[PDB]
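Starting off with a structure, shown below.
The complex appears here without one of its protein chains, the remainder shown in place.
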Amino acid sequence: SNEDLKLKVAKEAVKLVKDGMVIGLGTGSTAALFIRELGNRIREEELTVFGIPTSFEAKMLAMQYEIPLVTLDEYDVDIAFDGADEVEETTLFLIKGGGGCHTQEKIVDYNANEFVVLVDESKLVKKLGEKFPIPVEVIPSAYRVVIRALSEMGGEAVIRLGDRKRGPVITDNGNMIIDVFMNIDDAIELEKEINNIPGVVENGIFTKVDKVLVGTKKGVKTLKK
Amino acid sequence: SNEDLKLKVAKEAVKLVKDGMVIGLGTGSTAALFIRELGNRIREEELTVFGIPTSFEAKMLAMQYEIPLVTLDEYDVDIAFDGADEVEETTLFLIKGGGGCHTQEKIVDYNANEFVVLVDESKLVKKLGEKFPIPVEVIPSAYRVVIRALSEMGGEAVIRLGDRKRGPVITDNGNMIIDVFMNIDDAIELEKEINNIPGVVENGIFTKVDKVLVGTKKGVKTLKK
Amino acid sequence: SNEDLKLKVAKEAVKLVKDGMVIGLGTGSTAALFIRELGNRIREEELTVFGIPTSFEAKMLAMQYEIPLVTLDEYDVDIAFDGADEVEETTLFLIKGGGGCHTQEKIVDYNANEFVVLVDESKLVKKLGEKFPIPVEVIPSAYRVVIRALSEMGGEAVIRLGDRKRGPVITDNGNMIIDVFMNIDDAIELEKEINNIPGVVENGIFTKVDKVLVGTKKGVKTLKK
Partner (left out) sequence: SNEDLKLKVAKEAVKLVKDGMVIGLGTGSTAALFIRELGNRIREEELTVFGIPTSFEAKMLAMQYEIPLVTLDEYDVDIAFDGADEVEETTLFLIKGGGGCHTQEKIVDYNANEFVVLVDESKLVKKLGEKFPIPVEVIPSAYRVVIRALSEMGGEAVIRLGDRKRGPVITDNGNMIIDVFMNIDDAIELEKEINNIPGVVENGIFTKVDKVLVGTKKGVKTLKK
């Protein structure tokens, strides 16, 4: 699972943090390494830096690494750092939500002044959604009719089931997750269309990325449109 | 308040129900009268009719009037009956969610085989949203950034505060409500764009309807197309 | 995982269902097998039987096996069937909530006219909670202070984390789960005390049951008192 490349991008990403910044703390294994680096760098350099978490996980990690936490209802974010399940090469469109936290991730990431994605090179894809389903957070009363709508749109949609709870996985917001495989022609339009299905709260297509840091065997390349 | 006209429309609407149907049970004063009529009809004619609620209000009234409730996750709705805050005369577009329940309302109403709106004549308007704000259900962590997005779209947005609970009104789904006055040029497109703001769950613009029953002093008229 | 003994108990349990009943549908592998048997019986005998689910799992299985679902807010349950993580041999006290659904389970199971536990023989224990921790559903804001409370009570408490969603496991009600090992010397009082910790929603000690059906190699035995 490319941990050395993940750590490499985390250590490079943390250099972008400046004293006085409010930083969005992403979710997933790559973000988690970044949160540890930020925690270290805050302590060792006596920085005044606050974090806004994108999940209970990010919140609990921040606490462990002693990053002061604030909320988006109180502060704007200077830079949001987050991972991705896929990054489309030519567009820098993402699929996120493998970890079931795409809703709070999007809220922070799209609202930050800058949104930086942190990935190892294996996340790069030629075609978004070819090999990874789109996560969709759904109001529980609407699961059947959202599966219908997604199926009408050409998707193969399945409810995400839990490993440590019986039945559907539940998000930090109390909703279910449907994962849907789609042939994505126009990712911007598809993101809009899925969100307009009654019962859909948010989906894992991200189309507003400022830049992508990619850990490779050679180093860290930056991608920007 | 037009109670006479509301009762008239409810009494006429209940005649559309056929034995064996699953009926969507709307929310608000007019839908409440309909639920009473439906319960009375089920009793007096011994119909086998089930209901699917759009709110905890609808669930409680169904209990009170002995309408057996099933779930949208198992059954499609033959006819959904619901109220509206505004019905635009030329388009039959609606604003709903004055009572805070537009999200579950839309899940039921848009998915019903037939969606029938029940209003008294006072709800008819020349221009949608000229005199009533659009309810928007919002993930609580996102309220500040959603207010910003709505303001940047030209809206006057205010968080709805409560009287029987201190602070923000909370929906049946656990979220907050922002009410936003907007100049609605293209209702179909605005509905879509509001839903694509991160942190927005659903909004009160409704642009799909089968027919609108309107209680007037001379009787109930049916609007369609 | 004793699938023969679980299937055996499910097949015997379904015989207790009578035409016209409302049946509580439990959660977990043994309950799932019962739900299938029930659906088969309803179909092959053309029974008029309704279900009330204890979880999103039970809801989905009821859909799959064509059991019409109603609500506890409208109907009482004739017989609730559910599984257990442990059944104490002398008292028939249980631990439930291994699958994270103990809160809704307890709501249904304690209120049913008859509550029937279904287990294979491996679930029988000499001492409740010696080898299995008590699940505790917790308001997220409270997890730290609940860990403290449970520790004061002599428990070793740990937040349940997931792998299909990053971070804490979230219940069907949107809360967290703390699992706590305790030396249980009065189950009835411990259940009551845990529930009086601020931030605790419900716990997995069950001290009310009508009978326990146990699948053994020599047949299904029935335990009571």
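Just so it is clear, A, B and C label the chains in written order, and each chain counts residues from 1 on its own.
As a working rule, a contact is a pair of C-beta atoms (placed from the backbone, for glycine too) under 8 Å apart; a residue touches a chain by one contact, two chains touch by 3 or more.
*Asks:* Would you mind listing the shown chains in contact with the chain that isn't displayed?
*Replies:* Missing chain, whole complex, touching shown chains: A, B, C.
*Asks:* Per the definition of touch given earlier, which of C:15, C:127 or C:192 contacts the omitted chain?
*Replies:* Answer from the full complex: C:192 touches the omitted chain.
*Asks:* Could you tell me which of B:13, B:80 or B:101 touches the chain that is not displayed?
*Replies:* B:101
*Asks:* Taking the full complex into account, find the residue in B:6, B:36 or B:160 that is in contact with the omitted chain.
*Replies:* Answer from the full complex: B:160 touches the omitted chain.
*Asks:* Could you list which residues of chain A touch the chain missing from the display?
*Replies:* Chain A touches the missing chain through residues 59, 63, 69-71, 73-74, 174.
*Asks:* Which residues does chain C use to touch the chain missing from this display?
*Replies:* 71-74, 103-104, 106-107, 110-111, 139, 141-145, 173-174, 191-192, 195-196, 198-199, 201-202
*Asks:* On chain B, what residues meet the omitted chain?
*Replies:* 27-28, 55-60, 63, 99-101, 140, 160-174, 176-177
We adopt the following convention: only the chains that are shown with their structure count from here on.
*Asks:* Report the inter-centroid distance (CA atoms only) between chain A and chain C in whole Å.
*Replies:* Inter-chain centre distance comes to 34 Å.
*Asks:* In whole angstrom, what separates the CA-based centres of chain A and chain B?
*Replies:* The answer is 34 Å.
*Asks:* Could you say which residues in chain B touch two or more other chains, in rising order?
*Replies:* If we look for residues of chain B contacting two or more partner chains, we find 71, 73-74, 174.
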